[PDB]
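To begin, one chain is listed below as structure tokens, in the form deposited in one PDB entry.
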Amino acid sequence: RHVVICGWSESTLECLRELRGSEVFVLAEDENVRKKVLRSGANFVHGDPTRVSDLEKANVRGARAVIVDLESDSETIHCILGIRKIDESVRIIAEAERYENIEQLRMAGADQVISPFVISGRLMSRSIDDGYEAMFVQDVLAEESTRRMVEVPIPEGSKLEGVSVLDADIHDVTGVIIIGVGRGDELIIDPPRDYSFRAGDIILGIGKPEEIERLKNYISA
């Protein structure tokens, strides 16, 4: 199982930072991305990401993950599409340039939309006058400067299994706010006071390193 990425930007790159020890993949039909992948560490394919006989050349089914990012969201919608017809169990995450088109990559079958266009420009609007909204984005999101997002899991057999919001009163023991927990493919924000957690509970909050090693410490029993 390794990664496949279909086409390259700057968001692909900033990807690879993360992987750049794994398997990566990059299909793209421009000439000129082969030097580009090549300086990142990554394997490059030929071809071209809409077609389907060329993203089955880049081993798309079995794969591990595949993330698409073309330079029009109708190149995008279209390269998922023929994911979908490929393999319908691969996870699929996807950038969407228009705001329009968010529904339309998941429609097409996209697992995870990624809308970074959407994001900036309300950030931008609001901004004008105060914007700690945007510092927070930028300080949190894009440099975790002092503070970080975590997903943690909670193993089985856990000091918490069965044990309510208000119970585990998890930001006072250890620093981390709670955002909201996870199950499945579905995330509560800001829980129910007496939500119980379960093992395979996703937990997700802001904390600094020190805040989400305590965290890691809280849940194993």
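Note that the rigid core is defined as the largest set of C-alphas that superpose within 1.5 Å between two forms. Residue numbers count along the first chain shown, from 1. What changes on going to the form deposited in another entry:
After superposition on the rigid core, the C-alpha displacement between these two forms reaches 2 Å or more for just one residue among 63, 45, 181, 37, namely 181. Residue 102 shows a C-alpha shift below 2 Å between these two forms [criterion: core-superposed Cα displacement of 2 Å].
For residue 123, a C-alpha deviation of 2 angstroms or more is recorded between these two forms after rigid-core alignment. With the core superposed, residue 93 shows a C-alpha displacement below 2 Å between these two forms.
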Second form
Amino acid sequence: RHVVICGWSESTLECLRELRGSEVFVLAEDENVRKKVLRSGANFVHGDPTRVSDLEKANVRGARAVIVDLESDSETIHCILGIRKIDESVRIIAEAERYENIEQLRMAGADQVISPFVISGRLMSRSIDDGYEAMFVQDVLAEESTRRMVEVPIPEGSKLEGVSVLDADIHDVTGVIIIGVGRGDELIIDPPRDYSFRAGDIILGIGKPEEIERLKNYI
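Could the form deposited in another entry be shown next, to go alongside the form deposited in one PDB entry?
Only a single chain is listed, so you will not see partners or other molecules.
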């Protein structure tokens, strides 16, 4: 299991640091950033993220995921197309710079487009009186936070398979606040007391390391 990162930016460096313990390959055109990348844990391949052969060297084939963040949206698209020539199944997460380009990146085969300025402009509009929402968002997204957001899979044969929210009583049982459940394409926020859990559902919750290790055991 391993992750490939295409491009080196403030976003990808923060990504790399949030992926401590994990084996990672960074592919980028600028040799300058080797020790930055090495010292930062991961492995470095010097090359062009838009060149199939350079993606192959970076071990795109068979990767857990590929994260793409090139200098411009047009470059990002070219790299995606490149990864798709190599591996039709590997998960691609691409960063979009401009709103008009999001669908272009998914069209090229990105499974997910993260738009930092969308998120940021939305937080700006929410911070006109106080910083509580941004505070929330920034914090639950950090693995090093005390209370953080986590995804927990309901495996096949869990005590919760076919069990409603009300009965699982997860918050009281575990302390983890359930914010959502991911099931195939969709996210159900605020699962109603009615909701029946299924194997393969992803439980999105917020809790201390303590409450999380607990939920896993309940689960």
